[PDB]
Amino acid sequence: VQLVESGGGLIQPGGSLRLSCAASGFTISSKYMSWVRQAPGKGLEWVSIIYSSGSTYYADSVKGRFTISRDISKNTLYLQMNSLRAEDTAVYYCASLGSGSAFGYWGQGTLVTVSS
Amino acid sequence: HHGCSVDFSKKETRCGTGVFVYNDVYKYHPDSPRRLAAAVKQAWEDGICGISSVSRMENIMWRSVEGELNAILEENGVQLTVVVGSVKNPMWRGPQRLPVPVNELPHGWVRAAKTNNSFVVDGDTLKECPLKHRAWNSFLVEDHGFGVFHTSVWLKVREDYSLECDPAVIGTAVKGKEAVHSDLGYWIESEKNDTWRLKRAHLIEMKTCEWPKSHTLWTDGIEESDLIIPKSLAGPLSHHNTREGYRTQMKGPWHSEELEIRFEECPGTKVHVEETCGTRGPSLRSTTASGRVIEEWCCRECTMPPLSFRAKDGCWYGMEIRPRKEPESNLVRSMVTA
Amino acid sequence: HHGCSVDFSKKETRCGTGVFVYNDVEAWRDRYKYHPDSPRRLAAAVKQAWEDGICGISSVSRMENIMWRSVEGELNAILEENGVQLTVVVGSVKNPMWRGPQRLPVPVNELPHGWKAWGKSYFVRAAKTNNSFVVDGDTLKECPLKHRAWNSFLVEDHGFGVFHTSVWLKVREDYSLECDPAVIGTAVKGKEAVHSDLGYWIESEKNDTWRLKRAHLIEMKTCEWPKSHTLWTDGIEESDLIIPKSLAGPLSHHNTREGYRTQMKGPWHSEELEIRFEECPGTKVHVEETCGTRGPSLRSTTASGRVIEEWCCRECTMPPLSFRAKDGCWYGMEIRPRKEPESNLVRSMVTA
Amino acid sequence: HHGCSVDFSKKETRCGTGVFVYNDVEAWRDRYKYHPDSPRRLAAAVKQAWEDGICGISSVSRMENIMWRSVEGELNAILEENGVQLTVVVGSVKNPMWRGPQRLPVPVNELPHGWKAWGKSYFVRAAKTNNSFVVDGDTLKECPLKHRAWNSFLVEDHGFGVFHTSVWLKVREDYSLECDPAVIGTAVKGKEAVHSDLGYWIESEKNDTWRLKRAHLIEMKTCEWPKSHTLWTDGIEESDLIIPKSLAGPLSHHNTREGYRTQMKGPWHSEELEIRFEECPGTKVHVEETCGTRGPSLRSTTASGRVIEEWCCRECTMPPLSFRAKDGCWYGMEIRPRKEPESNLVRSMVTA
Amino acid sequence: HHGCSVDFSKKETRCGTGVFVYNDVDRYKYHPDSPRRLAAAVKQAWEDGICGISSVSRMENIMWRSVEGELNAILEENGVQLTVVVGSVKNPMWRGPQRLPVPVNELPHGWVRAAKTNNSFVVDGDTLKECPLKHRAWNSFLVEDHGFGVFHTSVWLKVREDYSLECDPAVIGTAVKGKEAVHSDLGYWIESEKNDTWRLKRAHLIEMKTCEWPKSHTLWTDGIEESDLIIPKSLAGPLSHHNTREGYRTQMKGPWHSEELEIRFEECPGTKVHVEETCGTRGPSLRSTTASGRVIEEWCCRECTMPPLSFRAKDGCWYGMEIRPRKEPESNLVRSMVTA
Amino acid sequence: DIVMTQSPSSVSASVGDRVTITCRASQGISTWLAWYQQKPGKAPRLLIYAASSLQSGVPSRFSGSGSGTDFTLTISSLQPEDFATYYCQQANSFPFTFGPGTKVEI
Amino acid sequence: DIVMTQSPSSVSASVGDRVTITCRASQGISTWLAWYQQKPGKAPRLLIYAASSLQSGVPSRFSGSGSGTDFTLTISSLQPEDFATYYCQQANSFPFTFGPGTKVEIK
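Protein chains in written order, with our numbering: chain A, 1 to 116; chain B, 117 to 454; chain C, 455 to 806; chain D, 807 to 1158; chain E, 1159 to 1498; chain F, 1499 to 1604; chain G, 1605 to 1711.
Keep in mind that a hint or two might mislead.
[Unchecked claim] Think about it this way: if two alpha-carbon atoms lie no more than 27 Å apart in a straight line, the pair counts; the simulated DSSO-like pairs of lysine-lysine are: (1) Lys-308(B) with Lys-699(C); (2) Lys-1359(E) with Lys-1033(D); (3) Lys-900(D) with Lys-487(C); (4) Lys-74(A) with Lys-660(C); (5) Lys-1287(E) with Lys-1201(E); (6) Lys-817(D) with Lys-127(B); (7) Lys-1033(D) with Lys-1352(E); (8) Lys-816(D) with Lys-127(B); (9) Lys-1132(D) with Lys-574(C); (10) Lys-817(D) with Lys-465(C); (11) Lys-1373(E) with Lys-1051(D); (12) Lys-1019(D) with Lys-1373(E).
Bear in mind the hints are in silico, worked out from the structure with no lab data behind them.
So that you can see chain A by itself, here it is in the shape it has in the complex:
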């Protein structure tokens, strides 16, 4: 299976951005899809998840600002990023959950810079 992440670029603080993840070889509505980010020089951090049934959960850092969603026809995963801050700059990955409650398939990564 394949995961390709596209829409990440440069943005000024307080702005908005929308990421995308294209899936090949499987349907999005059959897996637990998640977003993980890695700050430059730092470790990994779990952001949000969407269940196969459609339930969503978030980390308290981004609880009211980010939003995860799907599109069944397009077979793509989305992440809507609003009111960005300095600590939001990182490489955002697109991962899936499987046996052990662990991430098996990762994307290639997409970098987001928040600076003026």
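Since the structure of chain A is provided, determine the placement of chains B, C, D, E, F and G on it from the hints.
Quick look at chains B, C, D, E, F and G alone, frame taken from chain A:
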């Protein structure tokens, strides 16, 4: 569905069409004889040594199907035997999943012989097969496999990884000032007195799957530390799962076989609200192991009537209710945490 | 309650206890007895409201309108026996039922004259008066909607479904915006769910996702669906609900369909509509990126009765969203004509 | 058919096949689709009736009034599309529903223009005309009852009980006096019997003898109850029926009560009454040989609301016979006031 | 009173309140007046000159067969030399002129088997020689006030105190709805229809009685002659216009010796009936198959109406009384030897 | 939240040597643990799940053990292709949290 | 959301003069507007609701008018007590939004 119903308090009867949720607190068709055997075989060669049951439904399924399953395995000449035990609560999760076989076993449609290889379904066998090698939540009800007039449920091996409970057997409804969240093992009632609050619950099993949010009333603006029944024990994420003055009961008597949550004192006991009572901890039983009955309890800021659990072995108290003067080191304690 | 259900393939029955939600829509509400709290109490409330500056009533639903029709005669009689120059005139409802800013007061003392129960048979009819307390009608000129009371009753006891029971009501002491929860029933079981009240019956199903299946509305009320009576209330935007939140639509994921936004400009003027996902007769819809942007809803046939043949949408999903009224099929906001310009068509002039 | 019945004391059921007679009274008849024979056919029939000398229609029951209400618009449209100067005007129903001597003809050839179904959506509301075909209303002045047609339709198929089914009717060829037997249901089981149709529900019981128990009528029709749908038809005098034969009362021993005769002068002007055997609130009846003879029926309360207390009869039987209408208690023809003169009491002004 | 029903032809369903008549043509455990009053009644009847009991329906026969052992137990432990022996039932079930007497008091002793005695109180059976029909009781019970219902499964009868000739009305239900009708009880199921006039459609009988159908439970009882009723009034047929068919008269000589009959208007398999002006008159009913298995094929009737009347016995397919063969003589066919 | 700590922060070893990395939790996450491998400029790869189970396609020279609070990841015969960064993450409850990281040098 | 603007930003008047303040909305609301009065160091006080209804207890010299998207607050006879800041807020839908404010000073 079309039917009729009566309200005995007013002696009024009516009929019509609608949606009906009945209180329920079954010849299953575990996939196929030739395909469940292939799934079990592939799982055994994959490193999976057992099964952890999600509910009593699956346990009864396995206990009914084990003989024919062993017959199929022996007739195919596969050195493997299926052993099914009883159920101990709570029913913990397993990290593995059963595989979906590409092809069925060629042979199949007499007893079998015991072998040295055991595929242990849920039982008291945690040493031969630890919980970290057991499958869990590996079955799904088919599209029309369940209904009001079925008495025969069709199941098949799931192809995905999931955490939620099966939504095919869940029924929740609200009508006026009475609501219910229910499935094959839970019957959770709530009411509106001043606000919505938990009224009583009747549990004949303690599952550890997650109650789906599509089948839950009022899921927004609720903190996971306020739910009377813990979210880890398939308690709904609802404002209907809350009661004023109490937090989540992570240390309740979840080792029972049949529980009954209600809000009234245990027989021959009395509770008062005082700011000089001990802090919360594991739930304590009203009668000591010698049979003596404690008679005076306190809580710090709880609300009357008090929270109590009614098992067959006694009457426990909520985590906020502690003995006042009599020391609690000699009382009975719950050994499990959600 | 205790009840039984029937399967007619194999003639047998299944019985038990539980919660039962019945389809009470499109049933005649004229066959019940209504008890607004007390004749003297209600007369004192109406008198005090008239003295404060409140002119009339805007009805939340049709049940309240029928209640006022049942009450007005005795209310006028008992007002007359107390020497008050005021008469209550009850009109008819039209959709949508807009809400008012005023509320009906709770008096300290009842009027010290008259009988103490509703239904006293034989009363001398009262005589007309200069001062009129108009319950909703085609009378928005002597006093406008900004002077009308709205949502000032609470149902305490009812027997809907049994055609000779009493309904007990009282005037509430607080200002509110939600619909009365005593007559709401919501239930899901398996892959089917319902959100219902006395005038709404909203069905859902589990396809690849949960979505709206069909709805049946015999009124357009503008209260708010309580969140205590809604399934799956979190993680949903108010701009994705098919039935608007301002039209007492549930704030649920069950109130959504993929490819559609909120229908603020649907045909909400009709007395009764039925929401379907199916093409109008003799019509075809094509998904094309060259179509126009969404706007007010359009009727399938023109004002002279000619059926349009071709429509388009940009990113919608088949089957298309339609409304079924007495006039005929309407289309959703996202579906526009392909060739014929929109100046030839009847379009909705009501916004939620 | 196939059906199941339910016991609520002990929750279970009983299923089988047979004949089921339902209480379909007091249900709204206007939620069906009515298909009189044909728009072109019926337009030709109305045209020929107008040319012959029939002025209008006298309705047998409420169902025909609702039918004509549903049909009048398309009927006028079809008439206008043919250049016929005739309009159909539908009025209201008042009881009793008297009979007309005329019948509606069956045309040989229908009109050669218009559509071939009912429910053609969209047609141009037609134009008024100086010639009017009046369905029964408050119009017994432009044309008398002797020029009106009555009992001229036959029901061919129906689905009463299901609120969106179709009803098929047809203009008959024969002169008849009996009620339409497609909607009549009569049943006896043990010690209880019922005679019913779409507007009547008459109950019987077995005390020492078979007798009337209670009746509920929502209309007063003047056809004849067919004898094929009556229990125990022989050996019964026409002078002993509680509900007169002229008001579509069944001719049976189940329509009898000991001590009473036919109620020719009861309050049949009511829109809806309910016959039951017990005294009225705050009244007492005593059997006295000195009481007056039977005459027209009297109301328990005076026109000013004063209740009369003491009544009497010569040889009636307790409990007394009373009619419960919207106004209030009336008493049978056999029961007269003991003290107050009858000129102070209101009386029925109609006779069957 | 509350229930739901479906019409599979239109495939529509509805619910409500009303009167429902079910086809019941086993589940009951019967309770006479008492085990201590029935014994006293039987004792007085034996000492009065009544030697036995003739059953009215299969209901009574099943009751007696179920209660005989206990009745003998009490009647023997109380010191009375009398044993009740119950046989099978043969059709038709003829009337008897006697009635059981109602005792003033119960037997003093009563609430293990007994031994056979020389005194026999024979209930319906093949014992017409030690107890002739002239000395037998008949129609001597009534189902009690609320002894029967849709949901009962246990029927409570009492010894009658009067002399009647009519069937028990507590178990009868008739109904008409539109163009279909039914007269029924625990043993009959008689159907009617409206084609051009009302007529008999089919009838299913599992017993042939001789009581009289009450007029209070009959539709359209006036203007009808007993010579037109297909099921004769002597066999508990209703005096109704729904019990008639054009061109046929009362079937006094049908196959009433049978055990379960079924009337329908359809030709027996492999037969043809032609309306002929030169056909023999009416008399005893004939069976299509001869005793040797040969099937007769050609039949005639004088002025009957097609399709013909037939009786579907368990052992054959008989014809009506008006239908006669053309070629084969009837001296060799099988005929019914009973008359109503 | 459940805080996860890793040690040592860095380690150096030659080819064919045994390597050991230890993860440490702050609560009872028992046996719900996973181990990852991060190469510079690439996405993480899953090696061990459920604290002992080997992800399909991963060489068997990796081994896991532990329960409760203490866990251990072991490489038996180090290879030049096995110089990267390794993390542990708990899978017991939301939110999922990773470890600080450990670098393998030389 | 809905943006509310006021005009002017400050008003100078003497006792006995008539004062007029204006409020504007980016969308149509047409009934749901309220007017508030706040003095320094104190909580706001409601004057008008539903764009014309006078709150109980406040004098009748305060009056409101308007609908749609333009609204006006008017004072008949100025008083020493009537020198404060005034706000308009829309009550049509969430979130409830106020205006920038307008101050009335002594001349």
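Q. Checking against the hints above, which ones are violated?
A. none
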